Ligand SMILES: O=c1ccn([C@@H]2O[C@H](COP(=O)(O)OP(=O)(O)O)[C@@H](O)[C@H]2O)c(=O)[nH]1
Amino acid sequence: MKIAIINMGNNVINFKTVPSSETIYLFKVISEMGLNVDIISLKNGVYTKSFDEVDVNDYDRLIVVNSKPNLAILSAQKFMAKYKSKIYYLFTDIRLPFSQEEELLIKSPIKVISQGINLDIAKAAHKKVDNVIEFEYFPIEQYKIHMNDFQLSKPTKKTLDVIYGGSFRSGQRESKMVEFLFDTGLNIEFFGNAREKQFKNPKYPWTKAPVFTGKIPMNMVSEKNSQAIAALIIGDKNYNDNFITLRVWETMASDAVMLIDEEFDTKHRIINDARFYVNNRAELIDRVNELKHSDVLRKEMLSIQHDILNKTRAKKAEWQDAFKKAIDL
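Return the structure of the sequence above as one chain only, in the form solved without the named molecule.
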């Protein structure tokens, strides 16, 4: 069968853009499943084919990913509007559900392959889509760990207590970042798209902020994380008890102990060990001190999380088969 992948919102040509890179990594892992795949974009290149150089109905399955209208957007729509079969939408971000004069109207039925295990959240987010639509769960984010050259970080010299990478997402996220990363009295670093000046809501007061550092190359999350004793996984609305994110795997792979905000995984799906979960600032402080004072606890926890990462990678074949079934192969 011939499969084509389209990035609905961004242009794809190289690794010099976060959205172009993730698309190329997905393409790589799907190709490696032993599938004839192409990426359709604006231009022809070492990784893509241009919309005008391919025939839309030349492909048997069409996979769509996504991450102010522009060229990539209008072109993708036009292309999909001429496609005559079912479109497979990878639902990887709660804020980015599929969404849509005649040359742009998509009429094909749409199957949403949800990264989150709770399909009701997936159904509610697309309640505005009139197209015939069906839902299925698949852990898409494991694509990074099934990369053939994925590796676990090795013992690193610690220069930080806690590290957190992320962008300034307001609301619960803002409230949770202030709760776990501010006024702790620990040596904390916050890397990514977030600046101290953004934390100006009188609703969430704090005295002392963590060290904010820039973004880091999207292939060094684990190495950045390894400089710390622990790395934190913070909850977000609708992600909690639903999605597992790339940050979880990147953090699990690192030399830093992965501590998870309880509210993000109340059933303890990620790791069935209470030691890895914290409910508030007090617990994070106590847990980090325990880790700092017991090299034995720290090493034990690390080997447990690396173990969980490894069993998961051990099921690569079944993950591949599940993916194919999800795209009706």
The other form holds:
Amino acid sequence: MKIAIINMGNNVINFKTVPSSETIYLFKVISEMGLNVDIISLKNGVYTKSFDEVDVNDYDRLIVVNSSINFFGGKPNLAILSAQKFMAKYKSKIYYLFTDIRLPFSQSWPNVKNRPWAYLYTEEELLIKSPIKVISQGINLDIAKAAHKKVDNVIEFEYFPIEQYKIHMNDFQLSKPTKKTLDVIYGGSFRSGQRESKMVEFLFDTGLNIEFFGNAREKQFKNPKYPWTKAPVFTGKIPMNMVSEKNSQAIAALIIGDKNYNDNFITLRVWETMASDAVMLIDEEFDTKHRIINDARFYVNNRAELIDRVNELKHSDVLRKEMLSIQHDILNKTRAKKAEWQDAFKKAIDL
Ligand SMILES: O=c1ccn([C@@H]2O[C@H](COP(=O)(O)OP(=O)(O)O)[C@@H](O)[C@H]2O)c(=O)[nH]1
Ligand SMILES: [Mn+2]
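Could the form deposited with the named molecule bound be shown next, to go alongside the form solved without the named molecule?
Starting with the chain above, the whole complex follows.
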């Protein structure tokens, strides 16, 4: 049993970039459950083998981490093109890890055939014809199927909480008590405005000391539907492996998602936040049944409640420590089910 894992649209080298980090974490968690796996990328490296130096059909299972396949100006993006050429040569089922609703599997040929450099490729070379199984992070498979209605060879769908991988790593460690410098914190990108309403609601005009780290910038928030006056402080992005430590700088950390994530996706940030020294505050809409933690104090319905909850935490250090103890306890209860999680992953990839 030989497994190959690749990122469909981002080069993989080390932990200096997020897509690379995620692919390496998955390679590691899969290796940690006793499986033989190789990461195949553009060139040979510490964690990778080159597409040009291996035969894709020498692998019994091909796993693909979701990515965008959009092309912009300039030279051909080989991270996308070489990955799809590799996939096109595979003669068995492909397992697509679908962790972001906006990144469904899609054929690149349609987006290539019109480009000025289109002559460098052929349909036969890029057209992926193998059957594809989508492993969905979201429990609602209808939302996953709708995202793939344009691709004909995607014939199987199965739910699996892929992003729990961060808490199951052999070197996992809870964040320790940290000197606080912020009231509320949130790390992420602008996600093309797919979550602007919630970001403005909970992070803008709160009167609190809030920081928004990641690729997002203040000037991106200009949707007339969601006006604001005072924005949180925006700082640059940090390595993925430093996220929980960053969250720990604040008294509380926010959990929000895209509309289609509500009561559907339990994202990586849930785990990065739960494991941090920051109290996890969740948008009520994101988890209406309180399945993450059965304690209403961890949920906020709107800006007003977030402000009240944060001030209650600032006022009582005991309340803060108590809630932190509760969320760390719940996190460990899930880590205690690692065996079941590993077995479910193996089943998802037909092992
Ligand atoms: O500076 C940053 C900000 C974010 N992240 C990662 O990006 C994720 C959030 O991605 P996104 O903004 O797409 O939000 P999501 O839809 O995952 O909630 C976080 O959980 C981290 O893993 C990171 O590594 N560095
Ligand atoms: Mn995500």
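Residue numbers count along the first chain shown, from 1. What we label the rigid core is the largest C-alpha set whose atoms superpose within 1.5 Å from one form to the other.
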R169: Cα shift of 2 Å or greater between these two forms (core-aligned) = yes
